[PDB]
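First comes one chain, alone, set out as structure tokens in the form solved without ligand ATP.
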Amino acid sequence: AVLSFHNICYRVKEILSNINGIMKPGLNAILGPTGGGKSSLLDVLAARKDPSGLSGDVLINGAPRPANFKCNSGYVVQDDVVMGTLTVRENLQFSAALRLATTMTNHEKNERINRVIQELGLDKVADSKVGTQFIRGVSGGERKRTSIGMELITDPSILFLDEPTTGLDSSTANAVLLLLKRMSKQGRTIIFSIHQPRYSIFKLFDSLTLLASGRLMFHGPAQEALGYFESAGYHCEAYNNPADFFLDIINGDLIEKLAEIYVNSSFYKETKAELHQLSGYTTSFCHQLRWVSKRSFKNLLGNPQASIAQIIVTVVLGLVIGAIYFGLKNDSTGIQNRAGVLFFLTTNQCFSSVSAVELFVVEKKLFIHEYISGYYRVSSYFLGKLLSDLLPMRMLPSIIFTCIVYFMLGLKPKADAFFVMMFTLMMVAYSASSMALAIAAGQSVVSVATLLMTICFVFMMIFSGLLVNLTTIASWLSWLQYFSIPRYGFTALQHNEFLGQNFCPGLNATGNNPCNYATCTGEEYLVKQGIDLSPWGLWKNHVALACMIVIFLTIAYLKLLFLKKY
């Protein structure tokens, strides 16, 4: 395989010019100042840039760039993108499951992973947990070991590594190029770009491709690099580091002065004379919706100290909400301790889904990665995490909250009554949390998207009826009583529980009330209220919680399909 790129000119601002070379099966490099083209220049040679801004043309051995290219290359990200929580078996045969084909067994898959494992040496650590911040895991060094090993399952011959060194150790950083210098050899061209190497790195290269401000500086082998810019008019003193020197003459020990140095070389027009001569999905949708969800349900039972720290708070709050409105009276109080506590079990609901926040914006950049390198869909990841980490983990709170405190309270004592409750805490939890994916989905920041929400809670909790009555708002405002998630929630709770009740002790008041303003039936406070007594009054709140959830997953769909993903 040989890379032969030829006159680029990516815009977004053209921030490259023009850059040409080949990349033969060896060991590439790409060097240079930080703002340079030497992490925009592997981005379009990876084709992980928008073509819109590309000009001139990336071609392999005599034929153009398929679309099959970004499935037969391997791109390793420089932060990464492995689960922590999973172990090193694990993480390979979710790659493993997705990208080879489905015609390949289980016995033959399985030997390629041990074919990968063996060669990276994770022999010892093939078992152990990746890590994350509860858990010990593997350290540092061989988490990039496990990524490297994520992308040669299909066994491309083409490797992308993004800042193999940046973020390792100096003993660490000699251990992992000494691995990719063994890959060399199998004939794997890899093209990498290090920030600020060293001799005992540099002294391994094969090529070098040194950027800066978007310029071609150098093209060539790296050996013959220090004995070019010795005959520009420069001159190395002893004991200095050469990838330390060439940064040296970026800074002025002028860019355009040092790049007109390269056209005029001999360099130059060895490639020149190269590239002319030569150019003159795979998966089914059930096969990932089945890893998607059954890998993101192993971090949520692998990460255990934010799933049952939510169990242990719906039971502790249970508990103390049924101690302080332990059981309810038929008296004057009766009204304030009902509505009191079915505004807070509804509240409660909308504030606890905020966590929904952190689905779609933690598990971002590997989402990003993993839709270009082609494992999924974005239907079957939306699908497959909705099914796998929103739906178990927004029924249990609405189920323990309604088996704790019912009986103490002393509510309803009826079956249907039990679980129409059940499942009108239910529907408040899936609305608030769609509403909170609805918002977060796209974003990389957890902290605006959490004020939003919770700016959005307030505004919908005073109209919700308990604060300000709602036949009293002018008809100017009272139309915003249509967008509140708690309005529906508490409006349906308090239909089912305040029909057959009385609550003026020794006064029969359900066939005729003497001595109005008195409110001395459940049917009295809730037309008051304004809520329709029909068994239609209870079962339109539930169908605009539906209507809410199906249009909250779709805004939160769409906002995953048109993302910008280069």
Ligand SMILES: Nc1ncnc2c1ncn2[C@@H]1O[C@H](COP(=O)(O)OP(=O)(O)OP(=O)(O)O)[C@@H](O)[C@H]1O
Given for the second form:
Protein chains: 2
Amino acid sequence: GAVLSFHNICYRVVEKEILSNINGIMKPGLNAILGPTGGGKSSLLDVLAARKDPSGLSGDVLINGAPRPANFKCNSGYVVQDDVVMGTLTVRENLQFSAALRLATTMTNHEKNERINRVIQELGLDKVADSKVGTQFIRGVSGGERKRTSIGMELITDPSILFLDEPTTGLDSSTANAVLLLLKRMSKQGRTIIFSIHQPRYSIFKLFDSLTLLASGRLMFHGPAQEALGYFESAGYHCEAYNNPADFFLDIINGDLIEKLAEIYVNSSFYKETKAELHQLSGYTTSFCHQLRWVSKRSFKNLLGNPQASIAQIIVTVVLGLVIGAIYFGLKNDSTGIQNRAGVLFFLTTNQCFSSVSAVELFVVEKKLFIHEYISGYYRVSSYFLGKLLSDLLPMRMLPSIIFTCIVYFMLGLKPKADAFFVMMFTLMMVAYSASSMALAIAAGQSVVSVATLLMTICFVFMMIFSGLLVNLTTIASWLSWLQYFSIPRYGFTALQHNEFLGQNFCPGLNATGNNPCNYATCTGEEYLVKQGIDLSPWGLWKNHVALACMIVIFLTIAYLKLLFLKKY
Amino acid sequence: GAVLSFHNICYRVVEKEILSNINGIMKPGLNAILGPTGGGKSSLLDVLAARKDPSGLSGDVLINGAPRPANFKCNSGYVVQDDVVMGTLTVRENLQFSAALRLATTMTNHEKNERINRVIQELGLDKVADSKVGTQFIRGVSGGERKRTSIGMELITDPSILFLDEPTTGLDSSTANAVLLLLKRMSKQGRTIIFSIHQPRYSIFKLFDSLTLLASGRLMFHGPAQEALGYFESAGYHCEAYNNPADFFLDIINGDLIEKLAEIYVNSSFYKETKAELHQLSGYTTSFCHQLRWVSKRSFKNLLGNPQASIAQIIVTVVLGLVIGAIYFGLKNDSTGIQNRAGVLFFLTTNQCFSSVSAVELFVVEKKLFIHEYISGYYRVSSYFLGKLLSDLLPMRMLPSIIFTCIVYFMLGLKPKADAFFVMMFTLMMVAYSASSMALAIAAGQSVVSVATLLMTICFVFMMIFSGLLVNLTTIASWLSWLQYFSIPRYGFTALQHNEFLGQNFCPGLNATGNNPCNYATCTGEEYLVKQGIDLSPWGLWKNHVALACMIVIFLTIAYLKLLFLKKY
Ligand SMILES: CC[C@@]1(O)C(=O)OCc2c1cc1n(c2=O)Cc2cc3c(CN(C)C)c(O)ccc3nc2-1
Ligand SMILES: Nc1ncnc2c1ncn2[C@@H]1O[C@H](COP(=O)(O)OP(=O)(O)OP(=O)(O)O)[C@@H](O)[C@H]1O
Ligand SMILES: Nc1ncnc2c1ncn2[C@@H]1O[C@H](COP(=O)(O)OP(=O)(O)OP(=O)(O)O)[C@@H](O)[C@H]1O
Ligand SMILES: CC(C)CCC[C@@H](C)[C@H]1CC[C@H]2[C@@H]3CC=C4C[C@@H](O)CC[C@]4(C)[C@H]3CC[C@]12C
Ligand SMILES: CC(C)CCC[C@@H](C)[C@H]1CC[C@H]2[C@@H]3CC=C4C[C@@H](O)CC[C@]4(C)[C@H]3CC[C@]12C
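Moving from the form solved without ligand ATP to the form solved in complex with ligand ATP:
Starting with the chain above, the whole complex follows.
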């Protein structure tokens, strides 16, 4: 099988050392890593799996007599403590996704289906193959079945070496025993299993083949688990009956010293033998389009399977549209036309902007899953970005603009032409895309959602002040005027005003005989636009969409560069 | 000491029964309640402590031979699974609060200080008496010390009977052993301790005096913990060595049936004896002002000790004020005066309204603590309400109005009089109070903050539409006009407009010789007000503050009635 031999490890993580001097050999079977919570057990596991940065590593990890290959992460499985499976998807769907992106595309779909069937049969999930996994807060298969599902996702590719972080934490005692019996059955086949656990039971402990006890980043013991109790008893720490030996081992460390125990081990017979053995030993699959298609498919299934959020936004949009159509019904070309028109346009623009602060959750929620799957070799950092946008961003943001315009444009009696209807729709869509893109840029590469939401809201109100309606931008002083070019709402609102007010007359029965509206009237739409600082040329309408497009590109590029330089280790 | 004898309990919680037929006697010592998670162990604990509604209870709880007194909850302590201590306060401060509200006011402060010193010495917290407890996510004393602090808060009043829900869950093994040794020391004094635990160790289990095993709402065993293993072994379920007997007992239930075990117990020698014994046995301190003072003091200390949130809001307010003063600097009485004035007033009003959706967290965050302390007899439901308002609501909402007005009123060149400055300040303060009150009304008596925040934002935008600026309320149709009287921003904005536009002239060099501004000019402020639908009489300014005050009263009363009828059991 495989023999993962680590020798003289020292990891320095501010320069702290969480693993000091750890050497051992993990032969095939069911190997273990025990110790207190603060001990470097998960850290050692990651070090052996190469899921940790090589910066601090100061030792030689050597598998089956040769240095670790570059494709080790891809050829070896790793199971997370908290399952990352997609609740909205069916078990077989998740297994199909993993098979699609990990296994070679040369394999035909029939062969992959056979492989998935084999794995499902082995884990014993055949009954619940076609059932939704569930969020573990939402209803679905049981927690043990979710854990089995994760194990299967990693088992698709026939891994020789398999790592497991806390396989039994949060599971019930019966479920935990079931999981570990399953792992023992897997190990009898020759697959080397390496895992870390917390507070095991003697029924569990009786199944181990090797034991690695860690405390405060030091090696208290490495050897067969059966002989560990004899070793400690020989050291003088006698054990009482009806006491789980694992608890006794932890108790010795707790003191109910550490360097003394480490030296005792160094003088053991299990250390010189291990030294002799170690001295003897020492001296992308898939194309870009495939990744994009599958990640987009998974995202769309997640969107449909959990429709509570999207449906609510659609409902709110429709209700607001029907209310606004009734309130502003029958806009008139009289003294009060200007106020109502400007007000409705302002409201639509700001509603499109402030409703886009819900895009911060697009990447924040799925951060751990993204990191795990990138390290495991599922996909590139580009395909994830493009697919997630194409699935979760384009349609949701493209809908509200269409709904609003179709509902309100003819109830309100706005311009009766077709050239203007689609300009309005396009303008609103671009505003929404730009605002959502700015949200992604700020919120990308973060795990906390609160701060990003606060920042987004503050920035948007500051932008909204510098829109035309509230301040008359021609009045603002020079040393603060330039801030208006950094406003998303300004461009959209200006475009809508240019589209609507060009041609209207708001003076009933002027008769223009004296030709004098008293110069303080605002009798015509063009006069209002010029007094507001807007340009009546056609370029004045499109120099706003140009800016919105450029802002979209800039923000999306920033978000990509933030995901690409994120720390994934 | 005390002998809490329960007999023939049946609790029906939709009519489900989670406790079927449970009888037992809990003599002085260190008694226990074990079983699986789904078993009614916490439910039984609450039933014995009277923290559960008497509706479902169908049995006789009898303490020391007499029915439970009405003041039982006050004379008996109860410790929650998740500690509710205030992190922002020092240990001694929390103990002082509990002593102030639980112990009689007749006791002098010197005696109470001596009592607190005794308790601190007993628990062994003397070293960390003057250290902040911490949130357990923020730095502070260790988790074990927080648990000891809770135990002390309950131990202030010298309870004869003491209840503990999961005293050791989340604690480290060494810390758990320390806590339980402390409880054993307390029990040797004659105090009857009753507690529920999960997955104990044999070191812990060796300390028990009585055992009560529950599974699926049925009594598997009640008797001395020492004899339990012999009982089960006699039943045929032999036990292996190096296995914790608690785990063996749970394993028997897991099956690695229940009615069979219950019948076996009914035929036991520990059941007839208990029946014989049971048959033998059967056949506000403080004034309102004190409560208000102390709850307000605690709230203020919590506000100062965690200043990250308040400081940020103050900073945002100041920054916005200084930006707005620069943008709108030197308002002129010309064609563009009306727009800028109306815009700034609108912005200030809506900023005061939308910034008050952060008040939903005032009561949502401290819901569990409020319920626990009300049931324990700390305070009334009125004193908590008034004190929490007086501490957390009045100052925070009263500051921003003052800051905004003082900064901007003279930079913008608004009315140069004093009568108007304070009208503006008062108007803004009332708007903020009314909006925050409406937030409290909706969010009161809830544990989830998301839904309330969404509702608040939606209601506020709907209100903002019906303000004067965007819609010209004189245009709206009759069957929808009446919705304007339910708008908080409308009243404030109308008041500010009435205060500012009354007397201004926005037509430079009219010369009024022909006396014709063309009737479409809006040459004067009064003309703008009347065209907007506002009343120029002085009553038109104050009929808005009257409405705001009435809304404040209505919403606060609603919130109180929602807290008073909340389910606390
Ligand atoms: C339109 C008034 C105002 O622009 C202002 O000038 O003062 C401050 C402020 C405003 C609007 C909004 N907010 C504010 O703080 C928060 C907010 C949330 C909104 C939401 C909820 N977002 C947080 C996504 C909507 O769905 C639609 C419109 C929304 N409008 C606003
Ligand atoms: N990236 C890091 N930065 C700083 N300290 C770290 C980092 N990774 C580990 N450590 C430290 O190394 C020590 C070991 O932590 P460790 O990972 O082993 O926790 P664990 O409880 O044993 O893991 P698990 O519960 O998942 O099995 C800790 O003190 C931890 O703070
Ligand atoms: N107010 C309630 N409404 C509905 N069901 C309830 C209520 N209180 C308890 N139950 C039910 O009674 C059963 C027992 O739950 P229980 O309180 O004992 O959980 P527990 O794990 O044992 O408590 P703990 O962990 O804190 O020690 C559960 O099925 C629970 O859903
Ligand atoms: C760099 C980051 C922070 C994003 C900021 C980009 C902003 C400031 C840039 C991006 C593209 C720019 C626009 C590009 C084209 C023109 C047309 C010109 O006739 C007027 C200015 C205008 C309208 C620019 C204004 C500033 C602008 C909107
Ligand atoms: C239960 C909730 C919705 C409370 C909101 C109640 C509102 C609708 C009530 C409370 C007090 C009321 C005001 C009381 C006094 C007057 C003066 C009168 O000359 C005009 C109406 C006006 C201004 C009322 C309008 C409606 C009003 C503001």
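If you superpose the two forms and keep the largest set of C-alpha atoms that fall within 1.5 Å, you have the rigid core. Residue numbers count along the first chain shown, from 1.
Chemist: Once you align the rigid core, which of 534, 68, 512, 516 turns out to move its Cα at least 2 Å between the two forms?
Modeler: Result of the comparison: 512.
Chemist: Residue 406: with the rigid core matched between the two forms, does its Cα shift 2 Å or more?
Modeler: No, its C-alpha moves less than 2 Å.
Chemist: Kindly check if the Cα atom of residue 134 is displaced 2 angstroms or more between the two forms relative to the superposed rigid core.
Modeler: After core superposition, the C-alpha of residue 134 moves 2 Å or more between the two forms.
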